[PDB]
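Single chain ahead, by itself, as structure tokens, in the form solved without the ligand.
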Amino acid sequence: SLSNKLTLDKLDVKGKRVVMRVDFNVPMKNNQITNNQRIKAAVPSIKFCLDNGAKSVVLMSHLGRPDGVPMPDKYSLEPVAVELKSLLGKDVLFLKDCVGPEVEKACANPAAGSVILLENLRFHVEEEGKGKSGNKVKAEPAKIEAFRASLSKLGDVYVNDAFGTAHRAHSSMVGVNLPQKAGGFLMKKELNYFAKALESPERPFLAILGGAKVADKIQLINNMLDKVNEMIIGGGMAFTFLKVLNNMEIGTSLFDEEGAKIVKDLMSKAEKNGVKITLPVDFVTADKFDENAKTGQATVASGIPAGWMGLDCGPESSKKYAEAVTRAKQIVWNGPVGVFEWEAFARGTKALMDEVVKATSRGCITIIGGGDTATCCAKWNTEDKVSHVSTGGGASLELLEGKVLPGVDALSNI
């Protein structure tokens, strides 16, 4: 189902006004652009619209956590419009707002081929439906409707290329009421790879799940147990498993008291569905949860001593993970297996990444989830050595958990 939605390439844009939700949430300081990866990513869609004779391309986006209070001093899209101007090679009109009669007059009938960028959408509480020196404060249904009609007035067709926000029922996500709502090329990529993963995956299908807590991932694991042939359970999660399944001593490591109660239920579902579960067997320990702490080594047989904590897996665990990855024809990896921000505890994640790169090289379908694992793909420069790297963490997680995305659902079928 995720595949049969309308995309930009199947849309007719010649002579129409295109209003397009992009992902320009580039988090950098001094109002100078240090990493414009997302801007470069959103370029092919704008260029398609321009090179197919569109009258205008209007771009709405967000940046920061302002919670619906105008913060133009600190979180303004202005420098982006400069960056974009270079990457497009074309003038881009920056407007000081994204709604109202002035913006509506600006976008009513612009010159042929104009590119316009609106001010941050999250200056308004009506985008997210709730916000905040004003503390937490809400929105008003009539005002949300007015905001949505104002965005709807800005173009003849709508394009959504903001996958990372597609799990939020926000006004820019579901409140543009135009006859055709298409998905941009980033959207098309995401929906293709994840519909293949969730609907008809190559087999054997492997899921690699890491994280710090078991309780928030239950449904994830649960849904992943209806899909896959193998599961690797790594990261801080695993100790909660090992303390419960094998009575392992874990030292000062993360323990999920709630998730400890459902560990055996998940193993029971895995046994009922015939899923092979791979947990770590050795560990790199630390004296404290710090970057420059003393290190050590432990095994499931030895246990972790008191006062120390496990922050990464060891070489034998890497061998077992590589066994699992070697058997796989499709892989989905969400969440690293160690504290990769700190070089002393990034060895397991790096080794698993190398194994996934080789698997890709010999024909595996390797999808990397948003969040920290995409950050790993960027930190070791391997985005071009895997099949797919998702652009959104929460959205991809909610797709994996089996949920329907409000922004995706709001696209036109056929």
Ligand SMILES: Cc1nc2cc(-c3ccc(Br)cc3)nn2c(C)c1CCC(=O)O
Contents of the next structure:
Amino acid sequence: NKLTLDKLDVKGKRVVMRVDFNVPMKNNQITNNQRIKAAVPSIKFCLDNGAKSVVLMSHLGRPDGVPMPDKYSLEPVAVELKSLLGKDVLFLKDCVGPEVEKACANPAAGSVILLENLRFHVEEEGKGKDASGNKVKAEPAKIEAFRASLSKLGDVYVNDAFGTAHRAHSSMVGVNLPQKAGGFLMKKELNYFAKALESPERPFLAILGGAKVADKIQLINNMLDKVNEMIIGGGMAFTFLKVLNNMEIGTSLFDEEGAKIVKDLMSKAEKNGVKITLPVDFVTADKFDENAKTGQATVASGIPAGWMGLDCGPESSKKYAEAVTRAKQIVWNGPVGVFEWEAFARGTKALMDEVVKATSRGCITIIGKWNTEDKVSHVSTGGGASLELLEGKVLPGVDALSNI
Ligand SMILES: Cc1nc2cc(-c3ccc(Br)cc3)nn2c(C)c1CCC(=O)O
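Follow the form solved without the ligand with the form deposited with the ligand bound, if you could.
Following is the full complex, with the preceding chain placed first.
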């Protein structure tokens, strides 16, 4: 029970809101505006309930504590947000200090202000790199001044930046105001994850894909305490199948360090009564390339020398659909093939099709140009944060919110 924005009285108040506007950019303009979109409901709520101002703060990229306004400025985000809000956004070329404080001290009623990239200061992350690429540490008195300056910019604080909530950064745990509320995005992410983690509908299926095994050990370990079924798919599966079945895997991804714990994970699954589904067939490629020659293989055939599996095949898609069919709650993290490449996308799109059907019949479905909004219960906006939650860790940014 943390304070949320809907329970905060903002009438006549300056709202300082941490958002996640760390959007994809191409040299350098906005390629996907979904994170910006995702914040509008909190922003409008504030303006609709009489807030005097909304001061928005975020990072963009990894400028590493160096001001990089030619490369990583938030300026284009002000223009995009104006389009999406239907309201003027003032952009400020810094995020702390006397001119910014004065600008945010008493804005005209209803003013939306977006500050420049917080990570242009080393005090946000607390560590950074210099102009030469060497590591620098922030000084405590400077971190204190930075956090104090941010704290002046609002009367109340909102954190809607679930994508950054795993970082104990100044804008996340250092704002000292009497009320610190989660935004509606934050609320939605924590509710889908708390529900799922602590009181799952059943059966609860975890679908885990991605490339490396060793970086998902704790994820799998924690999820085996919560779930009833688990598909281990995608690039990870080859390490499992090599160890458990002595499968011939070609040049498929193999994690030497993960391989040591495969059997340990399968034991924990056997100990908690979790039914594990691995793939049984593959689309193969002659090299790691979008237009590689393709082939087909099974666990029993092996993958031929020099070839790699980049997708599951049709029999796997069936077994995966059977598990999705049985589930009343699904959490999916990581794809089941190289879905950016059409030839290796069928498995992922097929599994998505199933998850969308499941949603239609009341399955709670969580995925860690498309209106994906209508089709699944929840698409998470934060990769690393949602992983850290799935691994069973506390998020500093959530823990810092006010209780009530
Ligand atoms: C960057 C990268 N990402 C992925 C992802 C996948 C991948 C993902 C799914 C499946 Br099924 C099979 C392979 N392979 N892969 C490789 C070989 C690379 C490059 C080399 C490596 O990091 O091992």
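The term rigid core refers to the most C-alpha atoms you can superpose between the two forms while keeping them within 1.5 Å. Numbering follows the first chain given and starts at 1.
- Message: With both forms fitted on the core, check whether the Cα of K138 differs by 2 Å or more between these two forms.
- Response: Comparing the forms between these two forms, which are aligned on their rigid core, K138 does shift its C-alpha by 2 Å or more.
- Rigid core superposed: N35 CA moves 2 Å or more between these two forms: Indeed, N35 is displaced by 2 Å or more.
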